[PDB]
Amino acid sequence: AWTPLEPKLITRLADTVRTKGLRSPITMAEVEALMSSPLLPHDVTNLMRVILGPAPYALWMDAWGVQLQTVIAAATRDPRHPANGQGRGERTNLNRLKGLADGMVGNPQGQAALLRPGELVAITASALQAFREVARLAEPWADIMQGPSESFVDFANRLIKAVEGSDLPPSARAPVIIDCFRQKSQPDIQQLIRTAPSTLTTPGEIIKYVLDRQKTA
Amino acid sequence: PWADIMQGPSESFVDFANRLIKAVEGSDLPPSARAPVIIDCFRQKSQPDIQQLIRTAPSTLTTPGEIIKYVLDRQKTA
Amino acid sequence: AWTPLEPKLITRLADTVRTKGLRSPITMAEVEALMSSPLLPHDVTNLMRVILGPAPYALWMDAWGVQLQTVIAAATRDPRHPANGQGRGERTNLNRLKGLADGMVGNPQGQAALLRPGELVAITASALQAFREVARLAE
Amino acid sequence: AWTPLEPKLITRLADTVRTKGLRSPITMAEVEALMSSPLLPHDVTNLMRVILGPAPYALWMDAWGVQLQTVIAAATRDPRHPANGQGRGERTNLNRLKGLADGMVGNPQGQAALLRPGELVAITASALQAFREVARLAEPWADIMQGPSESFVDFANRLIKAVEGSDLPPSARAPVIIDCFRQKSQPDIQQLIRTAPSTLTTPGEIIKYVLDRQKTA
Amino acid sequence: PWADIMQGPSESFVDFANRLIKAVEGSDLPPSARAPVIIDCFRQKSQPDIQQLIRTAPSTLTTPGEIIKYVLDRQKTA
Amino acid sequence: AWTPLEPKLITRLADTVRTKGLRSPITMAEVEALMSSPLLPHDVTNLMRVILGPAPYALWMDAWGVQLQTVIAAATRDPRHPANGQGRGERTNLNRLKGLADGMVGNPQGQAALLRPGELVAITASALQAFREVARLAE
Amino acid sequence: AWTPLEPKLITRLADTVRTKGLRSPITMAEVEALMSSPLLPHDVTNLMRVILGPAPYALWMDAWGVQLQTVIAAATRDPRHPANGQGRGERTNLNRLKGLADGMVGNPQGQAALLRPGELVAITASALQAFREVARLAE
Amino acid sequence: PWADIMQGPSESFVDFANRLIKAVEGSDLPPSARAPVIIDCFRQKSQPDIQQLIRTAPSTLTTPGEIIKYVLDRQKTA
Amino acid sequence: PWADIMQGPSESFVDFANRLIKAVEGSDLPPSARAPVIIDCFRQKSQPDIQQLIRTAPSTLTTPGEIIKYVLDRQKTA
Amino acid sequence: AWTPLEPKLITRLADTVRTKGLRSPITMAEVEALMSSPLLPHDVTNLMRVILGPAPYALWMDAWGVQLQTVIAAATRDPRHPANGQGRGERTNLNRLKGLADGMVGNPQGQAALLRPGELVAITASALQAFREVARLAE
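Residue numbers (the entry's author numbering), protein chains in the order written: chain E, 10 to 148, 152 to 229; chain D, 152 to 229; chain F, 10 to 148; chain B, 10 to 148, 152 to 229; chain G, 152 to 229; chain C, 10 to 148; chain H, 10 to 148; chain A, 152 to 229; chain I, 152 to 229; chain J, 10 to 148.
Only chain E is shown next, with the shape it has when bound in the complex:
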């Protein structure tokens, strides 16, 4: 049986997106919260219709379609998908994922009837990744300098934000953050990091060391 999401939660989430934006960590946390139970295509579609403006909604429809197509390629590449079945008669078409299949168009009850839980979780993960893409797209790390009057934790926050919310691969963020701590972060902290008797091999360790030995002023 299908139960709709509360319009109160949806209104609060819409106002959160309206004030904080699409990319704030609080907004992504709220979306993850409302993305907890596996949603039917109807639910996610209406949710994005309400919380997103028209142009971000178009972008999100595009990105969701692309991610679902990648999922269906992986599904035809492995007959053991939690959305698939063992025989060929359970293969999942994009009409069934986007809610366009027979007995599902516009009807959430029938949708909830025919859909699999693996189908639901795959749709949900696809929608979350698409939301992340559109949020990163709607709104430069190598131009970030620590201002003469700025503290170090603010500079580290800004730099880690801009590096993690960028187009780098996940395996290239830590070395870039370290080498940006070393070359940015005006020459007092540069020399403080340079003359480190220990070898610092993690942004957290560098931050801890600098916070310990920083010039109180």
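Wrong hints could be hidden among the right ones.
Claimed, not checked - Simulated crosslink set (SDA-like; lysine to any residue; CA at most 20 Å straight-line):
{"id": "1", "chain 1": "I", "residue 1": "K220", "chain 2": "I", "residue 2": "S210"}
{"id": "2", "chain 1": "I", "residue 1": "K220", "chain 2": "J", "residue 2": "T20"}
{"id": "3", "chain 1": "E", "residue 1": "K220", "chain 2": "I", "residue 2": "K220"}
{"id": "4", "chain 1": "B", "residue 1": "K17", "chain 2": "C", "residue 2": "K17"}
{"id": "5", "chain 1": "E", "residue 1": "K17", "chain 2": "F", "residue 2": "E15"}
{"id": "6", "chain 1": "A", "residue 1": "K220", "chain 2": "B", "residue 2": "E148"}
{"id": "7", "chain 1": "D", "residue 1": "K220", "chain 2": "B", "residue 2": "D191"}
{"id": "8", "chain 1": "D", "residue 1": "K227", "chain 2": "E", "residue 2": "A154"}
{"id": "9", "chain 1": "G", "residue 1": "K227", "chain 2": "D", "residue 2": "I205"}
{"id": "10", "chain 1": "D", "residue 1": "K196", "chain 2": "D", "residue 2": "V175"}
{"id": "11", "chain 1": "E", "residue 1": "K196", "chain 2": "B", "residue 2": "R185"}
{"id": "12", "chain 1": "B", "residue 1": "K220", "chain 2": "C", "residue 2": "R32"}
{"id": "13", "chain 1": "D", "residue 1": "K227", "chain 2": "B", "residue 2": "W11"}
{"id": "14", "chain 1": "I", "residue 1": "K173", "chain 2": "J", "residue 2": "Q138"}
{"id": "15", "chain 1": "B", "residue 1": "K220", "chain 2": "D", "residue 2": "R225"}
{"id": "16", "chain 1": "H", "residue 1": "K107", "chain 2": "H", "residue 2": "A84"}
{"id": "17", "chain 1": "B", "residue 1": "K107", "chain 2": "B", "residue 2": "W11"}
{"id": "18", "chain 1": "G", "residue 1": "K220", "chain 2": "D", "residue 2": "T211"}
{"id": "19", "chain 1": "H", "residue 1": "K107", "chain 2": "H", "residue 2": "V75"}
{"id": "20", "chain 1": "G", "residue 1": "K220", "chain 2": "G", "residue 2": "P187"}
{"id": "21", "chain 1": "H", "residue 1": "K107", "chain 2": "H", "residue 2": "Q78"}
{"id": "22", "chain 1": "F", "residue 1": "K17", "chain 2": "E", "residue 2": "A154"}
{"id": "23", "chain 1": "A", "residue 1": "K227", "chain 2": "I", "residue 2": "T207"}
{"id": "24", "chain 1": "I", "residue 1": "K227", "chain 2": "I", "residue 2": "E162"}
By construction, these hints were calculated from the structure, which means they are not laboratory data.
Starting from the known structure of chain E, arrange chains D, F, B, G, C, H, A, I and J on it as the hints suggest.
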């Protein structure tokens, strides 16, 4: 009225796109005529800097979302 | 069955951390409040992702790992840990504590399935101590 | 039968290292040339003794030992090493790799007698990697800017050199080079790359595009 | 003479293109050598503002008509 | 059996490229000279690594890949390629042309073992055309 | 048998284009009038050479080529084109449409001999659409 | 003579290390006494900036190569 | 009174350390509270040059003797 | 039975340290003289408290602890230490060396009761080496 919407000299592009898509979808057009109208309004409105930016697109943009993404990528930061 | 924490409480706690800071006694009391029931690694990880900024979150990940490693050393020093079992097949690896073990990565339901209550309370106490360390370090 | 390397080639390589340095691509090519046939520990040891100074030679001995230890760990992790055998009596100890085993100390003929070809190629690859490490160590990418009067190919050469000869993982060099082309490379070329009707997803493609559409001056 | 044609400081681009195409097609060149010559004369004549405008073309222009269209689109209105 | 090119000739060619440039007819003649015998992917790759700077080397890798792809399209368009065989089991993949196939990665001896002479001459002609393109592009 | 268009009509049409412009409805009506019978590539090419200036003629050649390419794509998408035949030996190449095929280059008589009526009407419609595009573009 | 080698005020550290290792290895010392002597000469020669740099080493350096690497990492670029 | 002891502008560091340790050990504090107090008084007294010298210690100093040794090593000779 | 050192000798040694310094060979000879019989931790501690100033005394406490720790590492590396015994129940902890063990804190009589002669000579040699280190460090 959708056909009277222009991108202001100081207005950003996402605000203009929001306003235009709102006015086009909340109008008397058939559902199958909204995307072409939105595209052709992006091309003829949206003051001549973005007009030339869309004109000189090495790829063919056939969707309002794709046009918005392209313009947001290559827009003149100011 | 896993139940998420209210985003309203999380938003209020995030604004508390934003205005009062990390070290105020009211903030530590609020964290102790939201640290009442034993949380799964997913819950604590997302909570610290939301309430803490990027750099304090990195520091907190480091400190949480160190405290969990101390816990696992004490666990291999005593086979009667409430996270351990009697036989060697119940020994708890750090992949199971950090939520990285098999059947747990990204899935909170499976996490809640395989985890022990002693595991949960140890993870929770470790996260609280790590939060205290990072708060004392940030300012 | 052991044949020594020509002292003429060794003298030419030593003078190459003396004039060009340790890190020049011509020097690494020459080392790869003299590292073509599998060398015995005696050969590589004397070669590095002659071409390298005292302090780089100490560093190289350290690095060679570390790399050989990694090799021996991989060897005890796989009994099918081309240096190992099938039974336990053919397991290769570090005394046999460094030439310290019985019947090998100071004698290159006996060395060549008892050593395996897999042993020789493993020693050689280890020595090459150690040379690379020491060369990278003996002599910052995020501080590189394109000067007001500098051409773009010189800036690209300098940047790619500093990025590839750094501590980044191999899978993080291309995105960093691209994002440094975009944020460095003074605002004329910045706007030239920004207004690219096509999406450039490779440093070579960016270089080609900029060289085509650059302002001749 | 086609190789002596320059775009004057005050002359528009369509007049320069007309004059150049006229002088190139009404000359002693083979028919298969007119288009490359017209293109390379657009690129080297046509005073440095339009020279840089053609140089920084994100697309590759391989026809005099395409070059004329591009320049007419992105020209500095004055 | 694989024999490397002389580092003396390579050093002289590198200094020629350094003083005369990439596009001089003397430089192209010298490259044609050192491009006389069919080279293995290892040889051409190291040669271009040594004689070319970093950015021209990136451009040359791109151009070489494109030309090899054109060659492989012509090869799938004609089963009588001197690199191909008569049956389908001798069809030449780009991993075998770029030296990335199995038994070839980093090993020039195995490379010389498995490669065909038609493969070698096709790789060599492709590399020469790519060098010409990059030289025309750099200046 | 090929019959040329009257130079009197062509002179009147050229003066019409000279005074009224390319986009006036009277000019388009006159072009439709002189575009009544299916013309051979020679006829349309010379007509546009005479009535259009040099730069509009270049633009028109471009547009005509593009429209003919769209026509040939539709033709390879449907073997029942009035320019095509049933077998593969009657497929119409762009050299035959632009008048560049064998036995047609510069000779209008041979052109009229080998061309199909469907070919002629397709060429004519393509030229008319190209003229419309160039007229909309010039002013 | 190894015991008379000092790092000049303008000399770099790699040149000083080269000269010192040369003079120590080409001397009358036993082979088992060269490394400790090289280390203790790095510590007492090598003008007081590098002396303090080696003194305040959070790790214990027990090899001339390790000392050279540490000093090259944390040296005052000038 | 130990909590009123400051390092004078012209006073050396060993004299200040002697005076401070004397006043702290000859006071009413418990024996288990003297070392932390001496350390935290070294850190907050001992005028800002030595304060920054102790602050930027790559190693963690957990004893008055270790702090004294470190400061005596890296002190500004004047 | 514990017998204290003469305050006259201690006063003379303190004045020697005051006039000649810590590093003079006469001062080291005098210390070796008063370091002849194996002293209990109480004796050496009070002796260094009296003859050394506050800062040298702190340095000496540090150095003495480090040297005693090296001694205890050598002791756990060899069960035949003259301070150790044969069974594991005679292993000597640092609380017993520094005089901090049970029945020894502040009481020299009980100290002399429970301590071994090997313990005493090890403590004495450690204290002498620590004095040498501090003397070399102070000036």
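A quick look at each hint next to the structure:
Straight-line distance between C-alpha atoms of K220 of chain I and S210 of chain I comes to about 12 Å, which keeps the hinted pair within the 20 Å bound. Taking the CA atoms of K220 of chain I and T20 of chain J, the gap is near 28 Å; set against the 20 Å cutoff, the hint is violated. With a C-alpha separation of about 24 Å, the suggested pairing of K220 of chain E with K220 of chain I is violated against the 20 Å cut-off. At roughly 12 Å between alpha-carbon atoms, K17 of chain B and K17 of chain C fall within 20 Å of each other, so this suggested pair holds.
Taking the CA atoms of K17 of chain E and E15 of chain F, the gap is near 13 Å; set against the 20 Å cutoff, the hint holds. Among the hinted pairs, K220 of chain A with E148 of chain B is consistent with the structure: their alpha-carbon atoms are about 11 Å apart, no more than 20 Å. Between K220 of chain D and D191 of chain B the alpha-carbon distance is near 19 Å, which keeps this suggested pair within the 20 Å criterion. A hinted pair counts as satisfied when its Cα atoms are at most 20 Å apart, and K227 of chain D with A154 of chain E qualifies at roughly 19 Å.
A hinted pair counts as satisfied when its Cα atoms are at most 20 Å apart, and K227 of chain G with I205 of chain D qualifies at roughly 17 Å. The hinted pair formed by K196 of chain D and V175 of chain D meets the criterion: a straight-line CA distance of about 14 Å does not exceed 20 Å. Taking the CA atoms of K196 of chain E and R185 of chain B, the gap is about 19 Å. The hint holds against a cut of 20 Å. Using a Cα cut-off of 20 Å, the hinted pair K220 of chain B and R32 of chain C holds, with the two alpha carbons roughly 17 Å apart.
For the proposed pair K227 of chain D and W11 of chain B, the alpha carbon gap of about 68 Å is over 20 Å, so the pair is violated. Note on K173 of chain I and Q138 of chain J: the hinted pairing is violated, with a Cα-Cα distance of about 25 Å set against a maximum of 20 Å. Annotation: proposed proximity of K220 of chain B to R225 of chain D holds, straight-line Cα distance about 19 Å (limit 20 Å). A distance of roughly 15 Å separates the Cα atoms of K107 of chain H and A84 of chain H; the hinted pair therefore holds under the 20 Å criterion.
With a CA separation close to 17 Å, the supplied pair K107 of chain B and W11 of chain B stays within the 20 Å bound. In summary, the hint linking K220 of chain G to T211 of chain D is supported, as the alpha carbons are separated by about 17 Å, within the 20 Å threshold. A threshold of 20 Å between alpha carbons decides the hint, and for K107 of chain H with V75 of chain H the separation of about 11 Å falls inside it, so the pair holds. The straight-line distance between the Cα atoms of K220 of chain G and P187 of chain G is roughly 17 Å, inside the 20 Å bound, and the hint therefore holds.
A threshold of 20 Å between alpha carbons decides the hint, and for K107 of chain H with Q78 of chain H the separation of about 10 Å falls inside it, so the pair holds. The hinted pair formed by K17 of chain F and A154 of chain E fails the criterion: a straight-line CA distance of about 36 Å is larger than 20 Å. For the hint pairing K227 of chain A with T207 of chain I, the CA-to-CA distance comes to about 16 Å; that is within 20 Å, so the pair holds. Proximity of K227 of chain I to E162 of chain I is assessed by CA-CA distance (about 13 Å); at most 20 Å being required, the pair is judged to hold.
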